[PDB]
Each structure stands twice: as structure tokens, then as C-alpha cells.
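Next comes just one chain, in C-alpha cells: the form solved without the ligand.
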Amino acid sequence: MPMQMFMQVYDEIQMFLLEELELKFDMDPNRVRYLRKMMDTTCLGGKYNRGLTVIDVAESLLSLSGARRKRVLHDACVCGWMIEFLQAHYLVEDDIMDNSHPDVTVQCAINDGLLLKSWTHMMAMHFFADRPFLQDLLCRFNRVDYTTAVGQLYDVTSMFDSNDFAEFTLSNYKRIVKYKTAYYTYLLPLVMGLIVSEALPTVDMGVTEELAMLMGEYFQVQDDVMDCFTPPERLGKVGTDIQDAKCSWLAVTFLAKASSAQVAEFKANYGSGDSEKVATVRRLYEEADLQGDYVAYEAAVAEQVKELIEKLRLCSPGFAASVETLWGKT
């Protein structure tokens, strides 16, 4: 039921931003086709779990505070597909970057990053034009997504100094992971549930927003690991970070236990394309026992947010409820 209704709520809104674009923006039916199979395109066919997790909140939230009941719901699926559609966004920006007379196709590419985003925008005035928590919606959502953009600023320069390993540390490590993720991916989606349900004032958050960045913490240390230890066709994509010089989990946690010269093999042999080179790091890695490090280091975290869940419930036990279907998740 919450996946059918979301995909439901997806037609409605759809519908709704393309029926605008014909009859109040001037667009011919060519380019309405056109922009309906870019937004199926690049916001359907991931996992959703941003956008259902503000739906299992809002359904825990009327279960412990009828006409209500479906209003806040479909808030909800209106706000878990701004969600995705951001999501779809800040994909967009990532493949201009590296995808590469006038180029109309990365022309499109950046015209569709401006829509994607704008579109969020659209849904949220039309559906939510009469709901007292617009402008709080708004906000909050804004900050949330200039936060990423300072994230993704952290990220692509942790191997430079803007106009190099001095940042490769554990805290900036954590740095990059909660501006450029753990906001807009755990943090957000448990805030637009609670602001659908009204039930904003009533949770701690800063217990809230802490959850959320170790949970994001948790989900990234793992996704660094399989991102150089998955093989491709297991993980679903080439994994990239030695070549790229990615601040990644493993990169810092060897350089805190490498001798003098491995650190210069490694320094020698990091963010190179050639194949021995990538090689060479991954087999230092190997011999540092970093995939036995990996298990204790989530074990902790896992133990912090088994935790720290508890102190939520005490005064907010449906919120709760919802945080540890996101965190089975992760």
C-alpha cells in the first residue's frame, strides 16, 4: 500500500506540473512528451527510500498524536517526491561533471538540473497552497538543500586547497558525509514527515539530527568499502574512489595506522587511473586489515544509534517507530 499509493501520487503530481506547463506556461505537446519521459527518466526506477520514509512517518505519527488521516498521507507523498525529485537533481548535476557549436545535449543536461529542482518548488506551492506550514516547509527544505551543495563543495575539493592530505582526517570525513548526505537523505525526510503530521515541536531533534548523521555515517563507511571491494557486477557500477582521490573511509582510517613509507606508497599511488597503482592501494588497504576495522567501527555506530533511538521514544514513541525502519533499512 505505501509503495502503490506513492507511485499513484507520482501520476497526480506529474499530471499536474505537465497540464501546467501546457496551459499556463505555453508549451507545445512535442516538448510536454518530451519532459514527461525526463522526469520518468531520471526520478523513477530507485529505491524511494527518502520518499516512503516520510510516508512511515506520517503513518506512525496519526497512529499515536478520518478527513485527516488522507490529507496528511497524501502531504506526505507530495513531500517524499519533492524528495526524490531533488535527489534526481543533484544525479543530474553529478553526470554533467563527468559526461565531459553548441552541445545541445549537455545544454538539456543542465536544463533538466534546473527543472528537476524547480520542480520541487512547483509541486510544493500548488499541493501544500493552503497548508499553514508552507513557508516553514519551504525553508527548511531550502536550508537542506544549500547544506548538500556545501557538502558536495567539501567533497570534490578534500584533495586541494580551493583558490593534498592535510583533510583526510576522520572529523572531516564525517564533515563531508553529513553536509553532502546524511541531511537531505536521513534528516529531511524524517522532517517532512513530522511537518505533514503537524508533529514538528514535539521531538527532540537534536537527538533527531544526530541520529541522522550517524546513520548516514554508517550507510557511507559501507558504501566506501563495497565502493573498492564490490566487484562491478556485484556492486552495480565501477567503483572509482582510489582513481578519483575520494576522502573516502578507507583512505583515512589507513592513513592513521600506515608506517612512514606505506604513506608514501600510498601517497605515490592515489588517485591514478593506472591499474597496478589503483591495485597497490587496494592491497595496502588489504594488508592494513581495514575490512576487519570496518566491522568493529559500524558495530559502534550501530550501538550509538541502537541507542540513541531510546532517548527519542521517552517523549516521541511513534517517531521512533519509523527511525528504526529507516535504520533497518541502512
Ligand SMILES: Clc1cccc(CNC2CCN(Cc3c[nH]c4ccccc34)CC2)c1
Given for the second form:
There are 2 protein chains.
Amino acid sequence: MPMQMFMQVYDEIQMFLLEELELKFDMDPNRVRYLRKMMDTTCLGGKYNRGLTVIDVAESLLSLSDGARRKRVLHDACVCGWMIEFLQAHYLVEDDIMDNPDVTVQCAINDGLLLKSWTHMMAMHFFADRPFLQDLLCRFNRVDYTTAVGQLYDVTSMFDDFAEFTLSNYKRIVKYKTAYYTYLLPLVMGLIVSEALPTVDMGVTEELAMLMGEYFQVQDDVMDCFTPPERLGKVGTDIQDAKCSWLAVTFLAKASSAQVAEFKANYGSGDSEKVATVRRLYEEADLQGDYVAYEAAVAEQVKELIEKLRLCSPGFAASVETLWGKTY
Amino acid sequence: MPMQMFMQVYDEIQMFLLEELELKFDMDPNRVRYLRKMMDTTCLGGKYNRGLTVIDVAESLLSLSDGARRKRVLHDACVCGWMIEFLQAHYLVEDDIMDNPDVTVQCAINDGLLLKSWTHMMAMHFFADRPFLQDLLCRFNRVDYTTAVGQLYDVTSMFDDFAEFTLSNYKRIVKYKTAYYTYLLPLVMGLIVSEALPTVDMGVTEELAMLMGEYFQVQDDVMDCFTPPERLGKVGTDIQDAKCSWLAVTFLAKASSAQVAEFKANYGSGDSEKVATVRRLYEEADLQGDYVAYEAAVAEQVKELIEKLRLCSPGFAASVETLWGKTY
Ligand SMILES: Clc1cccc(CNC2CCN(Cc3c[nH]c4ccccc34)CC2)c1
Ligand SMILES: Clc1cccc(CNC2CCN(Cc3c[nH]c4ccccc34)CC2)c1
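Next up, the form solved in complex with the ligand in place of the form solved without the ligand?
So here's everything in the complex, that chain up top.
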């Protein structure tokens, strides 16, 4: 059911943004319609996992001490959810510019800029009189900066060659690039709108967000290599791109000197046979044995930290449980 | 003299940003040094016109009702100045991405993102306890959105063909794309730090910013066409790019049906002879006569509006005069 509410609030945000351009920024109808279409193309289609997490946190926090406050909290949760979905839309556009007087490139750069600006525009309007507006803006922008920093860690992982191919550096990339905006931010925004931010142990929450991010990334990295092409997914290019993947860092700790030498000579190449040699190396190293156990250990840690969180924040722990269920 | 202070505050901002990454964001020395170099390459070298304008406004507002407040206002003026210089650095990087697993493109996208995030990071830190922080952030982000909107008006001026080649649409592009962040924003930030924002007629100020922007753009457009290549400047491509320039909109209102037809068949082409045909058309249409008079009329309007501003905001009008002197 929260999906119907989330989509209704999208119509409300879209109409505000588009009317603001038409009425305050001198926008002609042709450009307004172009922006409506661009917003729909970039912001709709996904699973809305980050957005829906905000809704789920707010409704759980109504249980622990209905009226005029309830309606407001749920509406606020939906606007916050769209801020994260538009920020995600902004990141995807920026990633698509990497797919390599070109009007498509000009428009993609511009779309990226507008989608980011729209997160600030919708916040400043819908939360104009809220006392949490300043803290919300500063936490949102710090997470956005964290993601850009995470992107630098990722993009330069193979540059200065395999010195940064460690589990602790893998965890640094995961934390900054994905965990903060995908797991921590939706949870924090749900706490902000509910005015229940100081009532939770931030340490355990951050640790849970980082762990769920790490669980998801290991699974994503494994699927990037072994999940069949357009049969069971999308195009996996981590091997070709020489990414600091969980498979790569685990292989380097389990491989012999000669196998490491063989991995180094075949990794980071577009050549089909070199990619296949890497896949054969992962298979022969019994990394799928290690994958199962790594994930199971992380899962045990997640399940344990939710219990510590439940002792002082019960309603919140059940929303952290449903977010985890979506990952597990 | 304000340049020495502006550069000293740059060292202070740079060290804060870089140390924050090292101490709070787990950044390794190699990446910290890479970011120091990138910040220097993108933020230094220019004339610092936008940045220095903030300093000049604040020092003028100390004259109208020294102590602990003076030192603070001038430091605040310098941080605001660097926010605009870094935002300008962000726009230039974004424009350079338009110059068309590429690590240069990955890094340019990332640099763009970091430079924008740095404007928010330096503001949230240096103005942490200031009551103007929320208003400053919202005005800065609205000007940033305005610039992205201006970029859409510019990039699509020749698309939907010459229906948008009007003086009023030219003025719309100038206002949003350049006037708000180059003229209005430095003036507004100097007012914010001086806590003198409601003491000025915003209407006359906005009008002055738009007029100074329009004066500058007309001169810039004329130079883009007639200023010799690397002899007296840089590479001018408005004709090839089919830009909605002042020369193009003025020519279309002064040209005969056959000349308009000749302009339409030769505009927006990379071919050297078609560009030369356009230059010949501008020369033959005596647009240089019109240019002199257009600028002189705008100058008279600027000089008149400063007087209306001086009646209620005297110190401010003299800083608006020096900003104008830099343009004229
Ligand atoms: Cl955070 C981090 C840290 C270190 C390295 C990386 C590398 N990132 C790749 C990016 C592409 N895949 C997604 C994907 C592609 N093909 C699939 C098939 C099936 C399912 C998912 C996919 C995820 C892993 C990320
Ligand atoms: Cl805002 C707006 C509105 C409509 C159209 C435009 C077109 N913009 C061009 C951009 C490039 N030039 C700068 C430049 C290039 N060569 C030179 C030689 C000498 C001096 C300056 C230059 C400015 C004009 C902008």
C-alpha cells in the first residue's frame, strides 16, 4: 500500500517543480513538458527501495511516544524518499555520461544538475517551516559528498597496482560509494521526520548500514561475474574495468604466487579469453565456498546488532529488519 | 590589497577541506595531494572578479551603521567569495566535459561533484554558528538552479528553428545563465555577511545585475565573432555552435528577407567559408554601429539605477559602481 501514497506524492512534487519553473523561472511550455518527460524517464521505473525505506521507518516510529502529526510525518517521509530517488537518478545520469556540439551530452550534464537541484528545491518548499530543515539539508549534503568521495576511491582503486586490493579498502569503497546513501541515509531521514534522531544509538545504526551495504556488494560483485549475460540480468564488466571487487580481493589472499601472476596478467582487459581465464581462476580457487561463509558471517552480525538496537529503539529495529529482509 | 587576504583565506579553506578528508573521510595521502593539485588547477588562475566583489561590498557596508565584528565580516566575505569561485570552477569543469573506461572523464565528473560539494562544506563549517547560514545556503542553491535552468535555455536555443532568436529570449538566457551568479550573487553575499540584506531595494539591485550582465554578454558575443583568434584572445565558436548571440538576434531584425535566408543557410556550420559568410553579413549590416549605441544606452540605464540605489543604500551603490567599472 505505501507505493500508492509514494506515487501520489511524486505527482505533487512534480507539479510543484514544473509550475515553479513556469511561474517563477520564465519557462516556456515546450521545455516544461521536456522536463516532465526527463523527470519520469530518470526517476521512475526502479524498485524505490531507498524511498520506501523512509516511509517504513516513519510509520514504525508512530508506535513509540493519531492526529495532525501523523498525516504530516507520512507526507514528510514520502518527500524525503523522493529526495533519495532523485539523488539516485542524478548519480545514474552522471554514470551514463561515463558510457564511452553533442546535444545528448549537453542535456545529460544539464539533467544531472537539475535532478540534484530538485532535491534541494523540494526540501526547501515542503519542509520550509520545519525545525529539522537545516539538519536534514546538512546530513543529505554530507552523504552526497561522501558518495563523491566513494566514487573517487572506486574509480582510482586500480591506480596510484593491486596494493589497494584489500578487504579493508574494499570496505572503504563500499561504505562511502554505496552504504551511506543506500542504507544509512533512508534510515536517518525516517528518524529526522519522526523527530526521533537522538533516541537511537547512531554507532549500531551506522555499523548495521555498513554491514548491509557490504552484504549487498559482495552478492552484487559475485553476480557481476557469474550471473549469465541477458539470460539472468545485465552486462557485468568488473573484470574488464579492473574493479576492486570482493572476488578479486578474496582471490588474491587465497591464490598461489603463480596464480596471482596469472590473475595480474589477465585482469583489466576487454579481451573475452582473458575475462574467461579470470572466471576459471575464481572457480578453481573455490571462491563460491568462501562467498557462502562470508555472507553467512555478515548475516549473523546483522541479526545480532538489530537486537542491541531493539533494547533502546524497538520500533526502529523492526524497520531495520524489513530493510535487511529486502537485501537478504 | 584584498587579493592577499583572499589568497590567505584560500590556504585556510584548502587546509580545512583536505584535513577533513584525511581525518573524517579516511583519505590516503596520495588522494589528498591529488585533490590539492585539482583544487589549485580548477580554482586558481582567473581574475577572481566574483570573489573580490563580495569583499568590496562588505568593506563598503562597514561605513554605514572597528571591533570584533569587522574582522569576522571581512573573513566571511572571503569564504563567500571562494564559494562563488569554486561554483565557477564546478561550471568550468562541467563545460570541459562537453569538449567533444576513460579515467580523465571519470575524474572530471568526480571533480565537478567535489567542487560543488566543497561550496556546501566550507559554508557549513565557517558559518556554522551564523544566523544567516540557512538563508545563505537557500539563496546560493537557488542561484545554482537558476544557472542550470539558464544552461537549458542556452543549449536548446537553436532547438524545439530561429523562433527563439529574439532580444527578450536573449535577455532570458543572459539573466539565468550568467547575470544571477556573476552579478547578483556576489552582491547579495556581500549584503548577507554584513547583515544588511533588508536595507536595500532588491528590485533596483536585480535590475542592475541583469543590465550589467546584458552589457557584458553583448560585448563578449561581439568579441567571440570579431576578436582575432589567438592574436587577441581565445577560440570563438558561437557561429559554428549556432548560439543565440546578440549579433544573431540584431542581424535578424535588420536584415532583408534574402539576407535572412542567406544567414539561415550559413549559420551553425563548422565550415570556414560559411562562418566567414556570416561575419561578412554582420559587417555589411553595420551591426558595429548598433553595438556602440546598444551598449551606450545600457550604460546610461546602469548609471541612473545606481543613483536610485544611492538614495537609500549609499555605501552599497559605490561597491555596485566599482563592479560596473570592471565591466565597462
Ligand atoms: Cl561499491 C563497489 C565496491 C567495489 C567494486 C564495485 C564494483 N561494482 C559492480 C558494479 C556492477 N554490478 C551490478 C551488476 C552488473 N551485472 C550484474 C548482474 C547481476 C546482478 C548485478 C549486476 C555490481 C558490482 C562496487
Ligand atoms: Cl549568456 C549567452 C547568451 C547567448 C549566447 C551566448 C554565447 N556565449 C559566447 C561564449 C563564448 N564567448 C567568450 C569568448 C570566446 N572567444 C572570445 C574572444 C574574446 C573575448 C571573449 C570570447 C562569449 C560569448 C551566451
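Numbering follows the first chain given and starts at 1. Between two forms, the rigid core is the largest collection of C-alphas that superpose within 1.5 Å.
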Shift test between these two forms (rigid core reference, C-alpha, 2 Å or more cutoff) over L170, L235, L138, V156 hits only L235
